[PDB]
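Undergrad: So you can see what is in the structure, the chains are spelled out below.
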Amino acid sequence: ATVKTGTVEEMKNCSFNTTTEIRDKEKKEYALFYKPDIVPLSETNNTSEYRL
Amino acid sequence: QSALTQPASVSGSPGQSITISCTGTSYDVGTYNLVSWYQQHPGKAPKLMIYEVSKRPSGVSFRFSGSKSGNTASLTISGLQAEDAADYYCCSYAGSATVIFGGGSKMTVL
Amino acid sequence: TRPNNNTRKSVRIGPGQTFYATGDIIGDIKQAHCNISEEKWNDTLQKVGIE
Amino acid sequence: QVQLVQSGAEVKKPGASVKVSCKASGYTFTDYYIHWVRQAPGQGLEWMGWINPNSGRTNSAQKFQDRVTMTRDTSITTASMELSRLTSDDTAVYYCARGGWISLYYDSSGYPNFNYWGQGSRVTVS
Ligand SMILES: *[C@@H]1O[C@H](CO)[C@@H](O[C@@H]2O[C@H](CO)[C@@H](O[C@@H]3O[C@H](CO[C@H]4O[C@H](CO)[C@@H](O)[C@H](O)[C@@H]4O)[C@@H](O)[C@H](O[C@H]4O[C@H](CO)[C@@H](O)[C@H](O)[C@@H]4O[C@H]4O[C@H](CO)[C@@H](O)[C@H](O)[C@@H]4O)[C@@H]3O)[C@H](O)[C@H]2NC(C)=O)[C@H](O)[C@H]1NC(C)=O
Ligand SMILES: *[C@@H]1O[C@H](CO)[C@@H](O[C@@H]2O[C@H](CO)[C@@H](O[C@@H]3O[C@H](CO)[C@@H](O)[C@H](O)[C@@H]3O)[C@H](O)[C@H]2NC(C)=O)[C@H](O)[C@H]1NC(C)=O
Ligand SMILES: *[C@@H]1O[C@H](CO)[C@@H](O[C@@H]2O[C@H](CO)[C@@H](O[C@@H]3O[C@H](CO)[C@@H](O)[C@H](O)[C@@H]3O)[C@H](O)[C@H]2NC(C)=O)[C@H](O)[C@H]1NC(C)=O
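Chains as they are written, first to last, in PDB author numbering: chain E, 134 to 139, 148 to 193; chain L, 1 to 110; chain V, 297 to 309, 312 to 321, 321A, 322 to 348; chain G, 1 to 126.
Certain hints may be false.
Derived coverage of chain L by chain G (criterion: at least 3 residues anywhere in the stretch with Cβ under 8 Å from a Cβ of chain G; other residues may be distant) [as the list claims (entries may be wrong)]:
no., segment
1, 19-27
2, 40-49
3, 83-93
Cross-link-like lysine-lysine pairs, in silico, DSS-like; alpha carbons within 27 Å at most [as the list claims (entries may be wrong)]:
no., chain 1, residue 1, chain 2, residue 2
4, G, 19, L, 55
5, L, 106, L, 55
6, V, 337, E, 166
7, L, 106, G, 23
8, L, 68, L, 55
9, G, 12, L, 44
10, V, 305, G, 63
11, V, 305, E, 169
12, E, 153, V, 344
13, E, 137, V, 305
14, V, 344, E, 168
15, G, 13, G, 23
16, L, 44, L, 106
17, G, 63, G, 19
18, L, 44, G, 19
19, G, 23, G, 12
20, E, 166, E, 137
21, E, 137, G, 12
22, E, 153, E, 169
23, G, 12, G, 63
24, L, 47, G, 23
25, V, 305, E, 176
26, E, 137, G, 19
To give an idea of the interface, some chain E residues facing chain V are shown, with a C-beta separation under 8 Å as derived from the structure [unchecked claim]:
no., residue
27, 136
28, 148
29, 159
30, 160
31, 162
32, 164
33, 170
34, 193
In short, the hints are calculated from the structure, not lab data. For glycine and all other residues, C-beta sits at the position ideal for the given N, C-alpha and C.
Could you build all of it, start to finish, from the sequences and the hints given here?
TA: Okay, here's the thing in structure tokens:
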């Protein structure tokens, strides 16, 4: 988020590439998500990469 | 998204009750009781005169009152003094964690 | 209650179906809570204890 | 009693930036929001938003849109504004003022309750 207060830290800005109305075209979009649904990507090393 | 509209100036006799009005929109007021009034002597930072539409702050005497109605609100000053020659302003919650400051009105005295 | 004003956005994914998610919590971020009167709760725990 | 102490006067060239700041004293600043206003010498006041001293989070007023940014330093009870690309239109007295109480469970950031004000500071753009 900002980090700081634990109640704010949790608001993870989460950017990703999603399929557009045309299947060939792809758009980079972000969705605000918080805590548990966002899981550190398996086999990464404390990186910015996460999984659902 | 404009400033609260206020009379440029108002006046009256010593001892006279003066009411100062401020106008906005239903999004600005109907939704909120987040209304206050300030006054300032020229050259000085302003004093808070009213909280929560009509509540006197400690330090504000029982001359000052107020109310809200519809898209407007007003301050009532009983007992007009020469000493009231100060600018008066409204301000209120704009919504979306932002604040409207009013245009202001000047007190002049007779 | 949940105090923070939260905006919403949607994303079209392929044809038809849209997905919804928070745009950004638009206010300040305060805690989420449940108020309960103490009086009545301490009256309850003892009344249950009696029975 | 509650103090809000500002810097002295300053003058800048167009396009320049200025830091405006204030020190809080006589009370604990961590418990309140700090808001900022401007008053041009012939005008009413313009409002700039609140900085939560603890979080360092803020909301910027309409017609600024990051033209001005705000920061804080809790170790010295000091609030600051960083005002960029100054135009002659920006000449005004800047004031530091204390807003409502802050608490973790309910939002009280919009409250127009400016009980304590600083001295004001002159910002001139030449
Ligand atoms: C769920 O349950 C929790 C409690 O577990 C509850 O949290 C409480 O919420 C209430 C909501 O009103 C909070 O009340 C505010 O508390 C502040 C704090 O003041 C206290 O401490 C100071 C000293 O530090 C004392 O002087 C004071 O007497 C209190 O003991 C008050 O200051 C607030 O009232 C004022 O501010 C309001 C606007 O913010 C004004 O409208 C009001 O008129 C009061 O103004 C006073 O202060 C002004 C400062 O600007 C001053 O200008 C005025 O002249 C005047 O002096 C208000 O009482 C309470 O603190 C919360 N408690 C905690 C610790 O969280 C949740 O609300 C509840 N949730 C629900 C309802 O679901
Ligand atoms: C989450 O991350 C995204 C980026 O992946 C953030 O969106 C980006 O926000 C920045 C700052 O608002 C944008 O920069 C601005 O772009 C506009 C033109 O679009 C420009 O005029 C400004 O001067 C500035 O450069 C950036 O474009 C934008 N990217 C987009 C559109 O995806 C998003 O704000 C972040 N959200 C949160 C809540 O953290
Ligand atoms: C919480 O956030 C929502 C955002 O969805 C707010 O609703 C919207 O707020 C905006 C800005 O206040 C409104 O836009 C404009 O409001 C002004 C206020 O005078 C008005 O003059 C403009 O013509 C315009 O309507 C918007 O209409 C409103 N509606 C939406 C999009 O939901 C909500 O007000 C916020 N609540 C709080 C308590 O902050």
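Undergrad: Decide, hint by hint, whether the structure agrees.
TA: Status of the hints after comparison with the structure:
With 0 residues having a beta carbon nearer than 8 Å to a beta carbon of chain G, the segment 19-27 of chain L misses the requirement of three or more and the stated coverage is violated. Restraint check on the segment 40-49 of chain L versus chain G: 3 residues with Cβ-Cβ distances below 8 Å, three needed, restraint holds. Figure legend: the segment 83-93 of chain L, annotated as covered by chain G; annotation consistent (5 residues with Cβ-Cβ distances under 8 Å, at least 3 required). Under the criterion of a C-alpha separation no larger than 27 Å, the hint pairing residue 19 of chain G with residue 55 of chain L is inconsistent with the structure, at around 36 Å.
Distance restraint check for residue 106 of chain L and residue 55 of chain L: the Cα-Cα separation of roughly 22 Å lies within the 27 Å cut-off, and the hinted pair is therefore satisfied. With a C-alpha separation of about 60 Å, the suggested pair residue 337 of chain V and residue 166 of chain E falls outside the 27 Å cut-off, and the hint is violated. Using a Cα cut-off of 27 Å, the hinted pair residue 106 of chain L and residue 23 of chain G is violated, with the two alpha carbons roughly 31 Å apart. Straight-line distance between C-alpha atoms of residue 68 of chain L and residue 55 of chain L comes to about 12 Å, which keeps the hinted pair within the 27 Å bound.
Restraint check for residue 12 of chain G and residue 44 of chain L: the C-alpha separation of about 24 Å stays at or below 27 Å, so the hint holds. In summary, the hint linking residue 305 of chain V to residue 63 of chain G is supported, as the alpha carbons are separated by about 24 Å, within the 27 Å threshold. This hinted pair checks out: residue 305 of chain V and residue 169 of chain E have alpha carbons roughly 15 Å apart, not beyond 27 Å. This hinted pair does not check out: residue 153 of chain E and residue 344 of chain V have alpha carbons roughly 45 Å apart, beyond 27 Å.
Only pairs whose Cα atoms come within 27 Å are accepted, and residue 137 of chain E paired with residue 305 of chain V is accepted, the gap being roughly 26 Å. As the CA atoms of residue 344 of chain V and residue 168 of chain E are separated by approximately 61 Å, the hinted pair breaks the 27 Å bound. This hinted pair checks out: residue 13 of chain G and residue 23 of chain G have alpha carbons roughly 26 Å apart, not beyond 27 Å. Annotation: proposed proximity of residue 44 of chain L to residue 106 of chain L holds, straight-line Cα distance about 15 Å (limit 27 Å).
Between the alpha carbons of residue 63 of chain G and residue 19 of chain G the distance comes to roughly 19 Å, so the proposed pair stays at or under 27 Å and holds. Taking the CA atoms of residue 44 of chain L and residue 19 of chain G, the gap is near 22 Å; set against the 27 Å cutoff, the hint holds. This hinted pair checks out: residue 23 of chain G and residue 12 of chain G have alpha carbons roughly 22 Å apart, not beyond 27 Å. Straight-line distance between C-alpha atoms of residue 166 of chain E and residue 137 of chain E comes to about 38 Å, which puts the hinted pair past the 27 Å bound.
Taking the CA atoms of residue 137 of chain E and residue 12 of chain G, the gap is about 34 Å. The hint is violated against a cut of 27 Å. With a CA separation close to 16 Å, the supplied pair residue 153 of chain E and residue 169 of chain E stays within the 27 Å bound. Simply put, residue 12 of chain G and residue 63 of chain G have alpha-carbon atoms about 21 Å apart, close enough for the 27 Å limit, and the pair holds. Under the criterion of a C-alpha separation no larger than 27 Å, the hint pairing residue 47 of chain L with residue 23 of chain G is consistent with the structure, at around 20 Å.
Of the supplied pair hints, the one linking residue 305 of chain V and residue 176 of chain E holds, its CA atoms being roughly 19 Å apart against a limit of 27 Å. About 24 Å separates the Cα atoms of residue 137 of chain E and residue 19 of chain G, which keeps this hinted pair within 27 Å; it holds. Because the smallest distance between the Cβ of residue 136 of chain E and any Cβ of chain V comes to about 12 Å, over 8 Å, the interface hint for this residue is violated. For the restraint placing residue 148 of chain E at the interface with chain V, the shortest Cβ-Cβ distance is roughly 5 Å, inside the 8 Å limit, so the hint holds.
Hint status for residue 159 of chain E relative to chain V: holds, with the closest Cβ pair at about 6 Å, below 8 Å. The beta carbon of residue 160 of chain E comes within 5 Å of a beta carbon in chain V, closer than 8 Å, and the hint placing it at the interface holds. The interface hint given for residue 162 of chain E holds, since its Cβ lies 6 Å from the closest Cβ of chain V, which is under the 8 Å cut-off. Proximity of residue 164 of chain E to chain V holds as hinted, the smallest CB-CB distance being about 7 Å (cut-off 8 Å).
Satisfaction of the interface hint for residue 170 of chain E is found here, the shortest Cβ-Cβ separation to chain V being roughly 6 Å, below the 8 Å cut-off. At a threshold of 8 Å, the smallest CB-CB gap from residue 193 of chain E to chain V is about 12 Å, leaving the interface hint violated.
When the structure is compared with the earlier hints, violations turn up for hints 1, 4, 6, 7, 12, 14, 20, 21, 27 and 34 and for no others.
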